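The chain below stands alone, shown as structure tokens; this is the form deposited in one PDB entry.
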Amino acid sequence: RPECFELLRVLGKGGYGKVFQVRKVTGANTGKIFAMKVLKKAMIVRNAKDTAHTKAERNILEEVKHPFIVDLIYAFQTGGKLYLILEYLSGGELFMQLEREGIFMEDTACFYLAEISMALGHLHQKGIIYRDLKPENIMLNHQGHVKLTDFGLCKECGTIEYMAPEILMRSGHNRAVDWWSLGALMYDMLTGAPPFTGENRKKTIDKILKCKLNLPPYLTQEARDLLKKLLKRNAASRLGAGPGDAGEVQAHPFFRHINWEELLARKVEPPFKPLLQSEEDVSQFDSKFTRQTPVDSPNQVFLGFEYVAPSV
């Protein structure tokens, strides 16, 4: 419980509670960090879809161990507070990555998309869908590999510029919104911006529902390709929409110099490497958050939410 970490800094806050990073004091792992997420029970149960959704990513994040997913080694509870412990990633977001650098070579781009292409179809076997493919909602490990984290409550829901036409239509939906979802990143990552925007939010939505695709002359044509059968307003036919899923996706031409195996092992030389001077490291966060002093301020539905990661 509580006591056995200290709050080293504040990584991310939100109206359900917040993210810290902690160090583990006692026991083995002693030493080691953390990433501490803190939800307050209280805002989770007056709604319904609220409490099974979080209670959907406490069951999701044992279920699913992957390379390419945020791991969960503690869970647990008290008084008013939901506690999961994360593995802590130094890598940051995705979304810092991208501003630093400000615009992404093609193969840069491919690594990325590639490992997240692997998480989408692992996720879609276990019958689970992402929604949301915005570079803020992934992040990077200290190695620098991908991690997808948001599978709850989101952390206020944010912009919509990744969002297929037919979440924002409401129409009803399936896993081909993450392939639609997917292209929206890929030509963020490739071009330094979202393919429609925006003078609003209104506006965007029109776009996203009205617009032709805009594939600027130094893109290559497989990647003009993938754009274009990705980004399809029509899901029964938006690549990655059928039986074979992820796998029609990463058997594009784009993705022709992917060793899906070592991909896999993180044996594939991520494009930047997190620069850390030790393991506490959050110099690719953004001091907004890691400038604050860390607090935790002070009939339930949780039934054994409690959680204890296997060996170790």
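Only the largest set of C-alpha atoms that superpose within 1.5 Å between the two forms is called the rigid core. Positions refer to the first chain, counted from 1. Compared with the form deposited in another entry:
Rigid core superposed between these two forms, residues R131, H173, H124, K207 considered: the one with a C-alpha shift of 2 Å or more is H173. Put the two forms on the same core and the Cα of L72 is off by less than 2 Å between these two forms. Put the two forms on the same core and the Cα of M163 is off by 2 Å or more between these two forms.
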Second form
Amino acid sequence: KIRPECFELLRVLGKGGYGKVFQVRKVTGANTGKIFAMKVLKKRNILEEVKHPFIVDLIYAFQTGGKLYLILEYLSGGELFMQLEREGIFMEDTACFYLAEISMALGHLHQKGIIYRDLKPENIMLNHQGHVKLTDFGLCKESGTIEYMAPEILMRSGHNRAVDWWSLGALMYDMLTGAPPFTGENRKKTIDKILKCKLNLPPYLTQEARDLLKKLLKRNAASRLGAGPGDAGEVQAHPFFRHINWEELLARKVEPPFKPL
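What would the structure be for the form deposited in another entry, rather than the form deposited in one PDB entry?
Here you get just the chain by itself.
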């Protein structure tokens, strides 16, 4: 059997949304001495039904009143954000590799009916190898006559795949310029900027990067890249990604730009 007693807490990886995440060592079983991450709820199926190179594995799940425990694989690579702010801006190729891997993860989830919604650099994690792992699934949606119906209503706006694709653009923008596309003195001001969405592209970007951002970072979800029935396929086919060999990338046979230590 498996119980909270089975695990020893080395440290706290993060306080979360109504959830804490620990670094633990297994003190019991055949995997004793093995290192894991424990996520706890005060009061799952999603994670179990996905086994991807670019998505965090789930090893054990168990319930005790009033708490739910999730036992995930530990990622030494930690946040990609650390790498970001370490330098200031990723080179285009370095950005492309991370973005390419995320696209594959997003594509898988979408097939699985899952939308990330949030793609902050904080969200993205790396494994020992230094490859992308996508982690948090708490704030994640779970996807008569129409003539006078609003466009937004028709496309299930706000709760469709397109939202993720936007987030990817913002992430791409952040990686390339060191800053997010729309930023404000305050939240309300920042929100308004995002809504206005008058995109400004720095001169130093390549045609490929600029074109992709314009396509990803566009307010109308329907016209957004990856918005389509193709999904990640549309984005992957973009000239930005021309160099990537997807089979190789999927295999994690492509050397990561940064290998932790």
